[PDB]
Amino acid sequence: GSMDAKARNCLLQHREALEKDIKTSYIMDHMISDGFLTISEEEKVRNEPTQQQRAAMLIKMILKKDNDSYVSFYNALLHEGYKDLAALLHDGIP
């Protein structure tokens, strides 16, 4: 947990909404392509049986990463068709 309290708390207040609407495949590929998510972390997520479960795992790991990885996630949401979810996280981005 290297991310600032402000960012973490914002993500927590919207945890439920994110895990419900996102598809991890596209987001993770964008993050890896961007260089802020490892293939080892991606494999662990893909290994989950359901969409919500994969999303929950992705969120769980994001919470353990730093500020630049959180920004990558934020940027991945914006480019992968999740503007509404990103707008919720905007005020908390470092």
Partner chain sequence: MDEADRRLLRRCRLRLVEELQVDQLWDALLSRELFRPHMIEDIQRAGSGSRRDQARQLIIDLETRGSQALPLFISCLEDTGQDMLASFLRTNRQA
Second form
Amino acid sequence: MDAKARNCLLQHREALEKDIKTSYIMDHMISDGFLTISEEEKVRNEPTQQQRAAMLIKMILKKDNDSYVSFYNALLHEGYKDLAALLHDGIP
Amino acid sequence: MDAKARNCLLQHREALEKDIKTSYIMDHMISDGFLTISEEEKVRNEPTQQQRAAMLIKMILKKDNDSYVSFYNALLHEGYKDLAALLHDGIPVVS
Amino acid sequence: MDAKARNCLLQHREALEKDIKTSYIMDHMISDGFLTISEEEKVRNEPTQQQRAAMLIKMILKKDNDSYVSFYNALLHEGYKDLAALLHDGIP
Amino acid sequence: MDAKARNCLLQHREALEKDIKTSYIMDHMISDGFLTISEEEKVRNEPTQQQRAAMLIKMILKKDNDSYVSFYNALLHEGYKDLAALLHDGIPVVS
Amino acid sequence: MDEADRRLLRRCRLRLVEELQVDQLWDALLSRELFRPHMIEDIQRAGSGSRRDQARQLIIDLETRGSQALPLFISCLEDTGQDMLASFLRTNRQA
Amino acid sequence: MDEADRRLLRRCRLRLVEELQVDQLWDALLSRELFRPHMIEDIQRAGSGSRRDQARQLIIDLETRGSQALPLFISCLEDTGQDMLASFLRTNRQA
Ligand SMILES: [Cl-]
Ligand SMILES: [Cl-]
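Mind giving me the form deposited with the partner chain bound, seeing as the form deposited without the partner chain was just shown?
What follows is the entire complex, opening with the chain shown before.
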């Protein structure tokens, strides 16, 4: 993704990790087509919510601009209004 | 294993790798005595379902006629009808 | 469980819930004899670390004084020094 | 089921409830067609291994000869050698 | 399962996990030999064991159950009174 | 498993889960028919899949595996060069 987008993700990775239920967020990204089943399984393997969230963020960090928007949209639509705002500025 | 069997596995490898949920196959094969615990641990260590299937097939390609049959039987027994059908014509004579 | 003990638990249930890895703590209580396999499974069943810890605390609230000391010792020996101190006063 | 069978099951009930891990028995019985999914969901809703086993037994108590055989065969097949031995003399005729 | 069917299952991920009723679905899936009984117990225990977690694992695992897994799965939906969900699926397959 | 042996595995919980090496143990347990292959796969996936989590599930599940489960378990420890843990258990049982 664009540099500003990636950086934006880095800035808020911690807040994101702590709060998000990864399974719901991945549900959206799967539907959108910006996450694979194998990637989803990789994420789910992680033994804690935080490590699951951390892994997803790691994968997203290596994905394209659409993936960032998918992610943002997932947050917004699942009611993570505050976290969505944090990344709003970085939307490519 | 016979070249017929092995080539049948090679031909259909991609289909097999995409669908096999190894946890329902390795058990049978271990029970039958044609897969070892250390092979199973090596399989388990792969992070995704398709990666595990890929590893398992890698291992099986090197095994004997009985092993192919063990594999085929487990596939059939676990409801993988289509996959077994792909492997049917490649079954080697055993015993 | 004594009164002052039960109350000191209630007092710090939130901080406890937050930090403890229940599985290690239950390992100690199983060894000490103040937790059953059945109870341990009940705890394990809970879908999150916090809920696991919550269930454990719920159970301990209904146990005797030794159960509390077992719990106290579990925390100490697993390096939860600060958490242990909080509970120190309530030791029957 | 015949009284010999029910009685044998009742006589060794506590042992059965202590040891059975239902997930390895209910599958066989469902395959065999002598336990319902609805019964399996009821069992599964019990929070502990022993409670699960207990529920399962109650359900089998009310069942037929073929069922007892299904149950016994599952126990034997899943390595519950000791438990299977307890029920052995209680097995009934089937066709 | 062909790529188009798989893709369909991913596209409908959100709707499936939001609306799929599973408790009533197991019998249907069995009847059409889509899953073995132990596979069902595993799916039942997926994640937290909620309806949503079960549903999700079901539809993921569904991708591995054959060339006709998707149409057979729609039928089971129909058979259990989940016409709305089956309808959402079919009108995509066709689309 | 009798009450005294069950009590023993509980008393020694901390030491077992701290020290038990499981990757090398599976073959022993199978040779002595203590667990079926699929039970082993399940134990391998217990909790986080750590050595400790596997070990913990192993010993809990051990309690259900029969009258001779403990002595057979000790033998498998000896088989796999975990004699110090086996001795720890051994001495306790006689005491
Ligand atoms: Cl994929
Ligand atoms: Cl107990």
